[PDB]
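2 protein chains.
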Amino acid sequence: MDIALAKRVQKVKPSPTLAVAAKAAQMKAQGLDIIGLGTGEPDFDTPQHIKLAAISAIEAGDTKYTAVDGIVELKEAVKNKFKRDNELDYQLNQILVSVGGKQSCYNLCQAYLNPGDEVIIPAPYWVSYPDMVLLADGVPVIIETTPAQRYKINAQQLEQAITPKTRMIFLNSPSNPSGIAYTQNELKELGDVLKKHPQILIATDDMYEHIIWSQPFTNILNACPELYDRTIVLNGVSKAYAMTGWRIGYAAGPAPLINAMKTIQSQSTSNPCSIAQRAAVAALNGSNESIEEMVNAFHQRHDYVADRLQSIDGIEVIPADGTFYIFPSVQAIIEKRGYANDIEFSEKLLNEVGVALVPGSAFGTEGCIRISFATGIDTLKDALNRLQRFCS
Amino acid sequence: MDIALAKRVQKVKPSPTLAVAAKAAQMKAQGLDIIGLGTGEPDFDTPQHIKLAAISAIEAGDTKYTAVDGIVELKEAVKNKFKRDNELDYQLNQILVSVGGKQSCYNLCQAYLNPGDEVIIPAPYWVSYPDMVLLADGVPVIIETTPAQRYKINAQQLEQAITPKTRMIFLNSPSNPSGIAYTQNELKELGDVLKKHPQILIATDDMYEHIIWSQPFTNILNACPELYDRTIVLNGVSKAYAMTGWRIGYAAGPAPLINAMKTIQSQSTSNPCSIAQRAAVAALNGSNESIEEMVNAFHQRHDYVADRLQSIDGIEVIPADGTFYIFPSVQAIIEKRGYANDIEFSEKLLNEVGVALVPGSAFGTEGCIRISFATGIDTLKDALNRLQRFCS
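In order, the protein sequence lines correspond to chains A and B. Each residue of the first sequence is one higher than the last, beginning at 1 in the entry's author numbering. Each residue of the second sequence is one higher than the last, beginning at 1 in the entry's author numbering.
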């Protein structure tokens with residue numbers, strides 16, 4: 001009598017960042033004093049001129065289907081953003097507007113990956129990279145890194161993991177969860193390895209491109225232009241303009257790949273919310289001021305948090321270059337107390353002092369925790385006080 | 001030099017509804033005198049109370065991540081809409097809000113179907129049914145119907161199509177492209193066959209449920225409530241409330257299937273645009289004044305269009321029960337003028353008098369065309385004058 005389900009969903013698990021978020025929302029909605037230091041979104045509202053454009057779009061009758069791959073105003077804005085921000089040249093047939101940055105990745109895997117294809121994924125990785133590979137029947141090949149490398153892979157590791165079967169790699173810099181960015185010198189060394197394997201497609205996820213303070217943002221294509229013809233660039237307005245719930249991402253890459261991704265999209269979501277596309281145009285075509293103000297605040301919150309974590313015995317802290325995440329290791333605490341792993345550390349801490357985090361093993365790096373400083377410094381000081389009490 | 005693309009994407013060919021829409025848009029954009037008769041979307045704005053609710057959600061800052069399967073106000077409004085409209089009972093863990101009703105269908109295939117699984121699809125079909133089945137490596141099993149059977153399958157056809165590997169059926173009533181609705185009598189005769197094959201999931205697509213005039217709407221569960229355990233109901237607001245651009249659909253069925261579909265969604269789009277969800281809450285909880293207003297206009301247009309198509313020699317026409325489509329056969333003309341098929345008929349009609357419509361072959365019924373009367377009652381009088389001048 002029991003309904004049998006698709007073998008492909010048994011291979012993955014539901015988003016565990018989103019499960020921590022939903023655990024804490026529901027505990028909060030039941031009256032409990034919980035603090036969700038595992039946020040995926042800033043504490044700023046969408047800037048006012050983006051709102052007025054979405055409102056104004058609703059009043060004009062922009063409530064219809066559009067080109068599946070995005071209205072021309074949006075694709076133009078994207079084209080000009082890649083020229084003016086990243087000195088990359090893309091035609092409009094190389095651009096695809098999608099329903100969040102996550103879908104861009106999902107379309108890429110469905111559009112490109114065949115059963116058994118191996119995808120190099122550096123750990124610590126964004127939770128969804130292996131699940132999106134697995135849903136397309138690819139094989140995640142994880143490269144584990146340590147604080148002794150500031151959580152960045154190196155050329156001999158990469159060459160070691162590459163195989164005749166490997167057909168894609170994800171490079172995510174600035175990284176969710178670590179907050180670390182590859183310098184240009186370092187990206188050059190990785191491109192050198194990659195130019196020797198022409199069958200490998202390079203997916204650079206630049207979603208945190210503007211949330212960076214230790215250096216100006218660079219990506220693999222600035223470092224090694226030679227790889228242009230086999231790189232998809234993935235990006236979005238989610239984090240740079242606090243438009244998380246608007247669900248607008250975008251991508252640029254080789255025309256045949258973009259057309260295939262568009263094929264998957266026309267058969268799953270068709271076009272994104274047309275009101276949200278209009279909002280996105282206002283964002284990309286607007287001034288970066290609300291960015292600079294947001295990023296300055298994230299930076300001062302980051303320094304506050306990193307220094308708080310430094311004062312807690314048993315916590316080894318690696319400072320981020322960007323994003324609103326920091327990824328310290330609680331391994332010393334796990335060992336002295338006898339917990340199985342960072343999951344138990346996370347469950348105990350939630351249950352004892354009400355701080356909800358994402359355990360590092362959800363990202364492939366056991367013994368760490370992911371802390372988001374995308375909330376106000378008052379929430380931060382409270383939560384870190386609670387984490388300090390727990391670690392005593 | 002060239003990027004190789006995934007085998008699954010080679011199984012699907014571009015949508016013919018999307019290609020007619022885009023080709024007519026270039027022809028109007030160059031200045032030719034084109035009338036579009038192949039839109040899949042009403043010519044009404046989104047009603048004011050929905051628009052107001054969305055604007056107010058923008059100003060209120062509901063611009064962040066929600067629960068992946070939808071805000072609880074919208075899930076409750078779906079629960080009550082199913083109880084109120086269709087006398088079906090569903091709990092919140094049986095309901096999933098998706099990025100358009102197309103995504104509900106896509107999530108369903110990815111969550112349910114295993115490679116080799118056969119899915120029964122009555123012809124004429126919505127053009128996306130077989131593509132979505134193939135993208136999940138399932139195998140479409142078309143039941144072909146004739147204008148004489150009013151383009152409906154009978155019990156004998158459904159029994160002869162079922163095999164050990166039949167796992168799903170799509171029942172789309174009222175139908176895109178035909179406009180025909182099954183009666184409760186005919187559905188029960190179908191449910192009686194399905195009762196003898198418990199392994200078949202039933203996917204009833206009721207997106208056009210309110211766009212009906214020939215009879216009260218009923219679906220397979222009003223006909224055979226016993227099938228409740230193995231039926232998922234797909235719906236949405238795109239067609240009833242003129243909200244295609246908003247990208248909100250919803251589904252109700254068995255909790256373990258709804259949860260796998262949620263898993264797929266959590267790894268592809270996350271939650272749909274939070275602004276659209278509030279707009280959807282206003283639509284479902286609102287009055288039905290917009291719909292009755294829209295639907296009677298469509299009834300008036302259909303009746304005019306149908307009366308017209310009878311008077312044209314060589315055209316046989318079956319009147320519609322609803323939707324904004326009519327699906328008449330031009331086969332007598334293809335023979336007479338020696339055309340290859342409805343495709344050559346459709347390019348020649350668009351070349352000669354600039355009427356854009358969709359050939360019946362795209363929905364799997366050679367020799368018909370889909371006319372859509374979701375345009376002005378004035379524009380329709382002209383479209384149909386051009387149609388004699390082509391056919392007479």
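No lab work stands behind these hints, which were simulated from the structure alone. Check before you lean on any hint, since a few could be wrong.
Heads up, the list lumps identical chains together, so a pair's fine if it works in one copy or across two of them.
[Claimed, not checked] Below 27 Å or equal to it, Euclidean Cα-Cα: the simulated BS3-like pairs (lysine-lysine) are:
hint	residue 1	residue 2
1	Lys336	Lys348
2	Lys165	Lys23
3	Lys11	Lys188
4	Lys23	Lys13
5	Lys28	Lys64
6	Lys51	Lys64
7	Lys23	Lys79
8	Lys336	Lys28
9	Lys195	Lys64
10	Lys11	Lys165
11	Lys188	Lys348
12	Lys7	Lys165
13	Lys336	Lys196
14	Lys51	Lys7
15	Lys81	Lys64
16	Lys79	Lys165
17	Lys11	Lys23
18	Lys13	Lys348
19	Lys381	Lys11
20	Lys28	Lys381
21	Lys196	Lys28
22	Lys195	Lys51
23	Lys348	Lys196
24	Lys348	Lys7
25	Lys7	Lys196
26	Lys165	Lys196
Cross-check of the supplied hints:
1. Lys336 / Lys348: Classified as within: same-chain Cα gap 14 Å, cross-chain 80 Å, threshold 27 Å.
2. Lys165 / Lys23: neither (39 Å within a copy, 39 Å between copies)
3. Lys11 / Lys188: This pair counts as neither: shortest intra-copy Cα distance 35 Å, inter-copy 38 Å.
4. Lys23 / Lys13: For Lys23 and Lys13, the Cα distance is within 27 Å only inside one copy (16 Å; across copies 42 Å).
5. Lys28 / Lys64: between (37 Å within a copy, 17 Å between copies)
6. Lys51 / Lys64: both (19 Å within a copy, 13 Å between copies)
7. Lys23 / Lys79: between (39 Å within a copy, 23 Å between copies)
8. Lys336 / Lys28: neither (30 Å within a copy, 72 Å between copies)
9. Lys195 / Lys64: Neither: 44 Å inside a copy, 40 Å across copies.
10. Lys11 / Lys165: both (20 Å within a copy, 22 Å between copies)
11. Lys188 / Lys348: neither (43 Å within a copy, 55 Å between copies)
12. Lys7 / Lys165: both (23 Å within a copy, 15 Å between copies)
13. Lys336 / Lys196: Neither way: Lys336 and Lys196 sit 45 Å apart in one copy and 62 Å across, limit 27 Å.
14. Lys51 / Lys7: Answer is neither: 42 Å inside a copy and 41 Å across each miss the 27 Å cutoff.
15. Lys81 / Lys64: Both: 26 Å inside a chain and 24 Å across chains, each within 27 Å.
16. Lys79 / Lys165: Neither way: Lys79 and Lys165 sit 33 Å apart in one copy and 47 Å across, limit 27 Å.
17. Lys11 / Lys23: For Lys11 and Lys23, the Cα distance is within 27 Å only inside one copy (23 Å; across copies 40 Å).
18. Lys13 / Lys348: within (22 Å within a copy, 52 Å between copies)
19. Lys381 / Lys11: neither (39 Å within a copy, 55 Å between copies)
20. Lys28 / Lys381: Within one copy only: 19 Å inside a chain, 59 Å across chains, cut-off 27 Å.
21. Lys196 / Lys28: Classified as neither: same-chain Cα gap 52 Å, cross-chain 48 Å, threshold 27 Å.
22. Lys195 / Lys51: neither (44 Å within a copy, 52 Å between copies)
23. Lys348 / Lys196: neither (47 Å within a copy, 52 Å between copies)
24. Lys348 / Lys7: Intra 34 Å, inter 46 Å, cutoff 27 Å: neither.
25. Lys7 / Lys196: Answer is between: at 25 Å across copies they meet the 27 Å cutoff, but 36 Å inside does not.
26. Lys165 / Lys196: within (14 Å within a copy, 46 Å between copies)
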